Structures are given as structure tokens and as C-alpha cells.
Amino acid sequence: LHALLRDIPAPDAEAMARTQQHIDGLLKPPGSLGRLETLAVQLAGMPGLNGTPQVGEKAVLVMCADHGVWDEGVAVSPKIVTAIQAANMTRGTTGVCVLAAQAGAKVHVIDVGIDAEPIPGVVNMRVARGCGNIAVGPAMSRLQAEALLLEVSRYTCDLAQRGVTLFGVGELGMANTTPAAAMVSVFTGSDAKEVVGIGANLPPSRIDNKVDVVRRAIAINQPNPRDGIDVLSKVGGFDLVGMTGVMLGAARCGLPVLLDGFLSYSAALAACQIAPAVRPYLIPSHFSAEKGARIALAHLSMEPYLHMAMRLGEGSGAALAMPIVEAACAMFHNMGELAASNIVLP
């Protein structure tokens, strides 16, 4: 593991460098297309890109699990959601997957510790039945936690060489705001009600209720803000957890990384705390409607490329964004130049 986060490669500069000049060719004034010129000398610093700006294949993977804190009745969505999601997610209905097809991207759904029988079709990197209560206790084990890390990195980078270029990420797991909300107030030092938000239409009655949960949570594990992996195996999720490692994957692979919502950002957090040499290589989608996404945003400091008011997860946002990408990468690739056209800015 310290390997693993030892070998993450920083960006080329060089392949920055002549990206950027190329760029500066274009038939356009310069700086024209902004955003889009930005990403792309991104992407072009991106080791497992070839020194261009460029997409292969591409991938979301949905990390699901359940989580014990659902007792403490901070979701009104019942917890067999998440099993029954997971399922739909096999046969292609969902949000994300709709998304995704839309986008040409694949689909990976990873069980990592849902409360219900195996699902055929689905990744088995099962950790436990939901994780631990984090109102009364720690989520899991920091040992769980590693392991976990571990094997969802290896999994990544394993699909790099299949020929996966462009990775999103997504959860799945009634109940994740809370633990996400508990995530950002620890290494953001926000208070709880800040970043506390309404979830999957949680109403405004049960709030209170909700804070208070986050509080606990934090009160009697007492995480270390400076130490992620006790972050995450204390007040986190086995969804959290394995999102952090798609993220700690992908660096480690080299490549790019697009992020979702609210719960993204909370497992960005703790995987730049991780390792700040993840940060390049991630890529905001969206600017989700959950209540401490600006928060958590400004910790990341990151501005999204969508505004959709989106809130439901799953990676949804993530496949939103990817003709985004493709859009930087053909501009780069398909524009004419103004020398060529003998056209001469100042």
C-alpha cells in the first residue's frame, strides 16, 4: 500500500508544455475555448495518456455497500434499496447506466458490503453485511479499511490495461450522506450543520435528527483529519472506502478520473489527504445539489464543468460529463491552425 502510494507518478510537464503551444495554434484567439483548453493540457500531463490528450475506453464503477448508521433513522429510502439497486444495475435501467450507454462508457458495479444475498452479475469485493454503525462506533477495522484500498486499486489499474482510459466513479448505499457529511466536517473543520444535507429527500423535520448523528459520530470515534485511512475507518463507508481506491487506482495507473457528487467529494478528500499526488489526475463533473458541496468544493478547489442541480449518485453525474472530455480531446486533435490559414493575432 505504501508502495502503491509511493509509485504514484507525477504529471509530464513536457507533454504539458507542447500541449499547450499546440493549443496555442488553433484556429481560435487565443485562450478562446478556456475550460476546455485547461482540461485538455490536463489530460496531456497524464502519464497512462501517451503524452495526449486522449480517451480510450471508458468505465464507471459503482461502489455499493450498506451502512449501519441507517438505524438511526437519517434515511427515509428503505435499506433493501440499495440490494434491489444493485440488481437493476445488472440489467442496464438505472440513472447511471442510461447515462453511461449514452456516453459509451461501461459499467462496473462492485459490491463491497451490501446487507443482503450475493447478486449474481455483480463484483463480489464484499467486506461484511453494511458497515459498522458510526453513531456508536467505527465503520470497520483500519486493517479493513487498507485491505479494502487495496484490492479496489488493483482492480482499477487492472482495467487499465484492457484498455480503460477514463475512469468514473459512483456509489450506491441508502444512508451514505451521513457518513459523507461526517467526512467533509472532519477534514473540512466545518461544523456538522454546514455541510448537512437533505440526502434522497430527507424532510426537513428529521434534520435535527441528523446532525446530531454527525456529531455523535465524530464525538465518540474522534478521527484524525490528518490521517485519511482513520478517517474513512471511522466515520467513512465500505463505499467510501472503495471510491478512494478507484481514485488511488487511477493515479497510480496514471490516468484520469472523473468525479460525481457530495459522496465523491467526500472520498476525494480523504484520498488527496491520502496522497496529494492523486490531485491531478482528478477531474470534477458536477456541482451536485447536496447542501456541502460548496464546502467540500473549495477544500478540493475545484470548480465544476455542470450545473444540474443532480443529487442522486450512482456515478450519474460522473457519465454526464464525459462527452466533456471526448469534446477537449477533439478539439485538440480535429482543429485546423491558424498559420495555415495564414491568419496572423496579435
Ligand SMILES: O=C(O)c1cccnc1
Given for the second form:
Protein chains: 2
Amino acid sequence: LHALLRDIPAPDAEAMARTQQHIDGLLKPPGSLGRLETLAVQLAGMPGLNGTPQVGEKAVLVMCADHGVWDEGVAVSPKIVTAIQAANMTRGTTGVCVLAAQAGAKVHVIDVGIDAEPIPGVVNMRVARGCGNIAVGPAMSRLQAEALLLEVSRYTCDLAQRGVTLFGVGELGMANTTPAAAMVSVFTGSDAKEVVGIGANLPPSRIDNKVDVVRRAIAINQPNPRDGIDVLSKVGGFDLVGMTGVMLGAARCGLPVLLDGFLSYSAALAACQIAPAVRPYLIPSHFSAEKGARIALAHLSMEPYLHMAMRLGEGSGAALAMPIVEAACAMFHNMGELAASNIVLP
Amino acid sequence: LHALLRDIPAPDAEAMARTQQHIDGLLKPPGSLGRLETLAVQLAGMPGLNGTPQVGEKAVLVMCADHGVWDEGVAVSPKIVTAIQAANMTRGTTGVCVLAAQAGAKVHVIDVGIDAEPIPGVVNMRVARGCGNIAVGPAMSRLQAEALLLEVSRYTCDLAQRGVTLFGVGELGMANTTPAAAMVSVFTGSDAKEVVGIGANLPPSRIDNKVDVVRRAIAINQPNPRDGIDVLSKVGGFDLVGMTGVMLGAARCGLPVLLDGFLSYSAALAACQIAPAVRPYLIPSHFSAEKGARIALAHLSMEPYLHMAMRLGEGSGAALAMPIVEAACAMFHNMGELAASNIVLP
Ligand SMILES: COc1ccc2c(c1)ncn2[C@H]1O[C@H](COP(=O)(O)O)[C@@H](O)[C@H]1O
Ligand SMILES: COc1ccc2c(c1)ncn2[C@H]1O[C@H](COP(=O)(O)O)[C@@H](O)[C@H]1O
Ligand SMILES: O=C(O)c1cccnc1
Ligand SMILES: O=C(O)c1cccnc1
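Switch from the form deposited without the ligand to the form deposited with the ligand bound and give that structure.
Every chain and every other molecule in the complex is listed next, the one we just looked at coming first.
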């Protein structure tokens, strides 16, 4: 794991310089395609990409797990919805499923700790039947966190071996916006009230209780912000851990990962705390409608491309941004050149 | 034309109510897909869509023309770039071309007034060899504006007959950001300094001159803000007029039109002034990096989906947003339902 972390490659400045020059010579005013140009350059620097912006196969990894903190009354969706919805993922009827199909991406459903019987068709990496209730203690042990990180990381890099060049991260876990808020509060130093949202339609009245729970979780566990694994283990969840592991695996593999929404921002904060080398592999998708989104993104120094007021999770935003990634590649490879037209612009 | 305008259909509230109900029953927390849901409902209300969000064939119409105001030193691209780039459109090497191909859309290049010889392969609707220099007089006659509006409108609705269900608008015309700024200033009541941008890389020094030109154009022509045709004719351009005509045609046809960037916002302001019934058919794409973008969008009451810092034009932003439109349809038609899973959420 420290091995793993040690071996995350730095970006290829050489490939990036060549990319920049090629982009500048395209049939358009220099810098006119804005963030699409920046994106292309970013991809060119990713070692698993072979020195050029390119997209081969695409995968969305959905980490599913239950949370003990559900018992605190912080979520209106019945607990069983996790198990149910996870099954639906196998049937292609969920939001991520439909959006991934539209993007030509494959959905990988991974059970990291659903509190139910194993679901056929779902990848089994179950830590336990739900994590500990963070309001009264830690979500899991450090050991458990590290092992999961490891296992997911490897799974992720292994897909790379099969042609996958672009990942998307997602989750499923009733009550997950609670640990997500806890982590954000911890990593950013923001007060709970500022980062606690309505999640999956929590009634406005019920908010106060969710804020109290987050505060308790923190007071009780005393997670150390300078140790991402400490935070994840104490106030995170299996699903959050799993998402962080996808990020570590893709980066080790020198490949890009598309973030999703709020849950994903929290995992990204952890990943970056754990290994700053991860940052350059991260690509934002959309701007989550969760209250704590702005704060989270500011800390990651990220500005999403899509403003859709989305708050579903599952990796739905990630899937939706995949075409953008492909667009940057198309621009790069298929546009004509100024010189070839005898066009000269300042 | 008044006929044309009179006949723009209102949206189908009946279809929209049915759509809303169907969306609410999908396998997700109600309203969780945010703007994608709103979008779906919008499309369902469009009469040419047959009561449901659907996308058949896609087309991007690119209106090309030259401007006399170029002689005022408001643009650094050589005049000839219009003719050149227009030719390139036929070769599929431009930015819109590449992005449209990615979206599975067809590009229609229309010459409404390029100051050069006719280009083979380009649709010929040429008013004149470039429009009048708005700094010293009007761009064209009212008659000319109205005829073009008419001709483009019809062309647009005719494509509908061929399977096109989604349009995108674009342009090409060195110096076009100048009349675009003039129109915006006029329609929004904003001072020129506030809406004049760098266009296609105008050096910061040269800005002052562009502002002066815009002011002169206005002072001299005295365009009436309450008459969109008056404004277009006086301080617009053939390309701007052509874009407005696509909007009027799609709306008459009861079909959706995707806006592009800055040039397109100016045309949209005119179209809406001319016929408010047009509004509901308009769909924003991205948030142009042109200085006057925010002001323009505020007046249209529109919030774009894509924040890409793009400033190319050509209909590139429009093409880039097409997948989003298709996503809304996919969501609508392919997601499973709560009831079918025995799931009940507040
Ligand atoms: C079909 O029913 C559902 C319900 C919720 C769902 C979902 C489907 N898919 C994602 N979520 C989202 O809601 C949960 C987070 O919000 P909270 O913290 O309020 O529980 C997670 O499951 C997240 O994936
Ligand atoms: C290959 O060279 C070019 C140059 C400009 C181009 C372009 C390609 N495609 C769009 N534009 C954009 O730049 C022009 C508006 O900016 P300004 O008002 O400063 O001239 C229009 O042609 C617009 O389409
Ligand atoms: O932003 C998200 O991904 C999100 C917000 C609320 C509930 N589930 C997911
Ligand atoms: O926003 C646009 O569409 C734009 C901005 C500058 C130059 N051309 C087009």
C-alpha cells in the first residue's frame, strides 16, 4: 500500500508540451476552445494514455454499502433500498445504468458492505454487513480501511489490463451523505451546519438532527485531518473507502478518473490527503446540488463542467461527463490545422 | 412573416403534465436528476416532438457572412478567413464539424453574405457581398432583414420534414462580435463597455476602439429596442439575422433549438423581442467566455449547462450539448420505476 502509493507516476510534462503545441496549431483562434483544450492537455500527461488524449473503453465502478448511522434518523429512504437498487443495477434500469449506456460505458457494481444477502451478479468485496454507526464510534478499523483500499485499487488497475482507459466513480448507500458531510467538515475545517445537506430528500425539519449527528461523530472519534485513512475509517463508510480506492488505483495505473457528486468529493479529499500525486488524474464532472458542494470543490480546487443541479449519485454525473472527455480527444485528433489553410492568426 | 409569427404553437401543457408524472415515478428520489428532468419536461411540451422527449436526426446550421465594420479595425483575423473557414466546413475539419460528428449531427453551411466568390458545397442564400459598416450606417435594409428571416425560417422547418428534430445554431464572420455587442447593449440597456469583449483574441489595447465603434453604431442608427427587426437591420449582420431565422423556423415547426455562444445570445434576444412565443423552444448550451455573456443570459433568463470557457462560435457549444439533450430522453424512456420494485419514497 505504501508501495502502491509510492509508485504513482507523475504526469508526463514532455507529452503535455507536445500536446499544447499541437492544439495551438489547430484551425481556430488560439485558446478559443477553453477548458476542452486544458482537458486535452491534462489527458496527454497521463502515462497510461500513451502520450496523447485518447479514450478506449469506459467503466463506472459503483461501490455499495450500508451505514449504521442510518439508525440515527438521518435518511428517509428505507435501509433496504441499498440492496434493492443494487440488484436493479444488474438489470440496467437505474440512472447510472441508463446514462452509462448512453455514453457507451460499462457499469461495475461492487458490494463493499451491503447489509443483506449477497446479490447475484454483483462483485463481492464485502467487508461487513454495513459499517459501524459513526455517531457512537468508528465506522471500521484502520486495518479494514487499508485492506479495502488495497483490494479496490488492484481491481481498478486490473481493468486497465482489459482495455479500460477512463473510469468513473459512484456509490449507493442509504444515509451516506452523513459520513460524507463529516469527512468534508473534517478535511476542510468547515462547521457541520455549513456542509450538511438534504441528501435524498431529507425534510427540512430533520436537518438539525443530521447536523447534531455529524458533530457527535466528530467529537466522539476525533479523526485526524492530516491522516486520510484515519478519517475514512472513523467517520467514513465502506462505500466512501471503495471510491477512494478507485482513485488510488486509477492514478497508480496512470489513468483518469471522473468524479461524480458530493459523495465523490468527500472521497477525493481523502485520496488527495493520502496521496497528493493522485490529483492530476482527477477530472470533475458536475456541480452537485448538495449544500456542502461548493466548499468541498474549493478545497479540491476544482470547477465542474456541468451545472445540472443533480443530486442522485450512483456515478450518474460521471457518466454524463464522459462525452466531454471524448470531445477533447476528437478535437485533438480530428481538427485541421491553420498552416494547412495558409491561415495566420496572432 | 406575420403569418409565420402568428402560427408559432404554444407548448403542450397536457403532454408536460404527463411527462412530469412519469419522471416522478422513476427509480430515484423525486427531483434528484435536477435540470435533466426539467429539460425532459420542456421537450415533451414541444409539438413537433409528438408528446414525449425524443431526438431523431440532429442538424447544426452555420450562418456565414462578412461585415463592413471589419474595416474599423475591430477584428485581428484577416477578412478572408470567413471564406476560407467556410470552405473548411465542407471538409469536416473545423471545430463544429468535429464536435457535430461526435454528436452524430449533420452540419449545414449556409452563406448569407460572404464577401467572396460562391463556395461550392455551401448553401447559397447570399444577401450581398458582406453587410454595411454599422459604424456609419445600417447593416442592411428592413426589407433585406425580413426576406432573410423568411427564407431561413422556411429552410429550417423544411429540414423538419426530413427527420430533423433538434437544431443547433452557429455562425462564421470575422468582426461579428462587434454587431453582437451592439445588439446586446441595445436590447439590455447596458453600456457598451460592459458588453464588449475580446472576440477572437483582440489585443487588450484595441478594446477601446471596439467600444467606440459600438457606441457610434448606436448613436448613428438609433435602433429601436422595441423592434427586433429594426435592431437586427441597423446594427446586426446577415449571419445574426440568419441565426434569428433558425430560431423562428424551429419554433414555428414546434421544435427545439440549441443556442451556442455570445453571437447566438444576441440573435436570441432579437428573436424573443420579435416573438416571445419563441422562448420555450430555446435551450442554452454553454456559458461563453465573452465579457458580455452574463448580461446577455440574464436578459434571456437562461442558465447554461456547460461551463467550458469556450469562445470559438461556429455552433461548437451547441454540438457539445446535444448529448445532454439525448441524455434527458434516455432517462425518460429507459429508467425503471419505483413501483415495479415495491419501493416507496416520500
Ligand atoms: C431508489 O431509491 C434511491 C434512493 C437513494 C439513492 C438512489 C436510489 N440512488 C442514489 N441515491 C443516493 O441517496 C443516498 C444518499 O442520500 P441519504 O444520505 O439521504 O440517504 C445514497 O444511496 C445515494 O447514492
Ligand atoms: C480559423 O480562424 C477562425 C477565426 C475566427 C473564428 C473561427 C475561425 N471560427 C469562429 N470564429 C469566431 O471569430 C469571429 C468573431 O470574433 P471577432 O469579432 O473578433 O472577429 C467569428 O468568425 C466567430 O465565428
Ligand atoms: O451529489 C450527489 O452525488 C448526491 C447528493 C445527494 C444524494 N445522493 C448523491
Ligand atoms: O461565444 C462565442 O460564440 C464566440 C466568442 C468569441 C468569438 N467567437 C464566438
